[PDB]
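Omission of a single protein chain aside, the complex is shown with its protein chains in their original locations.
Each chain carries a letter (A and B) given by its place in the written order, and its residues are counted from 1.
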Amino acid sequence: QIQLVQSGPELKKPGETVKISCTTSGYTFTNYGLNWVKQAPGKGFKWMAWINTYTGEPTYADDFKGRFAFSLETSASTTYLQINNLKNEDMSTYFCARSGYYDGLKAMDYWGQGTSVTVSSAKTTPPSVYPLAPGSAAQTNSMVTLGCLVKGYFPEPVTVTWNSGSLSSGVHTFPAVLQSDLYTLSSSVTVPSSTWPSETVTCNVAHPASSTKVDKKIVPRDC
Amino acid sequence: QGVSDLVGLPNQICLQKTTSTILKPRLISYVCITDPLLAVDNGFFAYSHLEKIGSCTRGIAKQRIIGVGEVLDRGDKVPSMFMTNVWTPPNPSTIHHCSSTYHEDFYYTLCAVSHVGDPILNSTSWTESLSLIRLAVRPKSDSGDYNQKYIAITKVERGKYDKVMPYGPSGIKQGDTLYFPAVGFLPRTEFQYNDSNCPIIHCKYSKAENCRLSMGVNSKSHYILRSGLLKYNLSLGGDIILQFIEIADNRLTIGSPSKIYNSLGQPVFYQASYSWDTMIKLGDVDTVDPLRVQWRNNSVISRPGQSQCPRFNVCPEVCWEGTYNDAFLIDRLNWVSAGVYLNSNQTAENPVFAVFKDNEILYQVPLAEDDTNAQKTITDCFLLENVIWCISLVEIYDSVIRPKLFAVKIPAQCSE
Partner (left out) sequence: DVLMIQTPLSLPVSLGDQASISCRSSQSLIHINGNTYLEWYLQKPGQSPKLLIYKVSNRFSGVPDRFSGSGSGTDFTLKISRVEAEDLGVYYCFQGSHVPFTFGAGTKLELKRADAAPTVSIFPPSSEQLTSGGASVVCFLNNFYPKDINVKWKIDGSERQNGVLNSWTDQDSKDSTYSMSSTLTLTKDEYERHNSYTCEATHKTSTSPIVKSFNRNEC
């Protein structure tokens, strides 16, 4: 039951200050130091600092000086990473990991679950949901693809089903991306040409932060 | 032919790890002899020591000698050293920290003059005053000051330093300029150090201050010691003007006895590992003025210590502990070095002549029976009929404490 447990995900405006916590148990706190690691979305890892739990002194990389503070509370058996003056380029996942001294093992054997820091000036915005119906180009090989565009909402997550879940297979729901403070994602569903538009295909979007429910029926175009 | 410097393409040497005893040491030397100095250059040698009565630690000094001589085939194709010119100061208690560099017809030996004892331990009661003693390698009679000449240095440019002092056995020439190993005393208050740069990373009981605090003989010393060089340019005529060159701060440790030499046409540097960086510090010189060394990342050779900074310690601690055990580069392309180390962790004993690269000891052989106490070692390597030889001085307790001298031929092959 050696475990690392980090504070919950964070939503912060540009310029604000966040303080991530990582609490350890199942071993004597000061027989191991602790690394902080940064993972940018869809990218690799970057080492940030290593803090000595006996002395409290961090050894940090040059890229993380000044507006980054690596401290600890020995009583609570926990360590903290504070980021002042937050900017877009800090939006990332931050892990804490156990790293012992030269007296033992200094590889990172146990990791925390991660903490996600999101940076946007937006308050809770619902999604704008638009339907995607094909144009005149022929219905390829006795199947048709339809879609939903879920634009400009905040924060994550939305959930997207088709026909209240009836169509689970044949669905690609894509990861949302953040642009100009808001998330956009899209979803495609693929069904046999007989079933659409003979029977209805409607997509169901739910955004709980704003308490929003959308249903959009996909209907064909004259064009 | 005869004896010459390690230059050109020497006869090839064994480059594989081998625990066969293929090194054949040959002793060439036959109450206390201490503070030794050895230096070897161009078939000539400089040697110094201090003879004390009673202790080696306390005790009145009866005689300081500084000699130069020739290094020749002693008869059995084994090189030894033949004294040719010896100097003795009147007061053997006033001469300290001599270091010898060779130029053409002479050996110039730069010394500190002290009436308060060792300037390292009495650093703020010592008034900086230095001297040169010039000794001809091939003296001739009735030649005035040719054989022996004594010069008091009057002009020293120390840069930002309070006092400067030769610190090490030997130095080099470049053209007609001499560079001696040296040390600068700097007030602890004027010392600029960022504790952020103290490598404390995986060190449980280290604190970032430990580097700064270990730049002097103790944590509350008035002065820190930085190693470096003292330049003396012979083409200037006039009187002797000495200049101090501070060492760059990469892998910076406390000022300590160091040595600069030429090998295969390039200058190499070795600095003794007092303080916490107990792994051996040596390497080629990037620049002479200012002094920068590209230290080897050597993982196999260290030095004995005491409780806080023992052999193989890499963690910053506040300590002033260690021994001068140098090594000489003998092959630059494979960075192979020869030198004598004390194979023990916390006691000064068990000399071992080793040939080693950064990460492995290729071969080695002890120079005594186990538990024989030892101290300073100085090794210098040269060519004899294009065969690489090394001579090493090793301080030893037997029963007299005295420097023994060994000649070691480095083999061309690894068959036992």
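Everything that follows uses one rule, which is that a residue touches a chain if its C-beta (ideal position, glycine included) is under 8 Å from a C-beta of that chain, and two chains touch if they have at least 3 such contacts.
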Options A:69, A:122 or A:133, residue touching the unrepresented chain: A:133
Hidden partner chain, residues of subunit B it touches: 199, 201, 279, 297-300, 312, 314, 358-359
Residues belonging to subunit A that touch the chain removed from view: 44-47, 50, 59, 61-63, 95, 102, 105-109, 111-114, 128, 130-137, 140, 145, 147, 149, 151, 169, 172, 174-177, 179, 184-186, 188, 190, 221-223
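Everything below uses one rule, namely that only the chains that are shown with their structure count from here on.
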CA centroid of subunit A to CA centroid of subunit B, Å: 60
List of subunit B residues in touch with subunit A within their complex: 200-208, 314-315
Of all residues in subunit A, those that touch subunit B in their complex: 33, 50, 52, 54-55, 57, 59, 99-103, 106
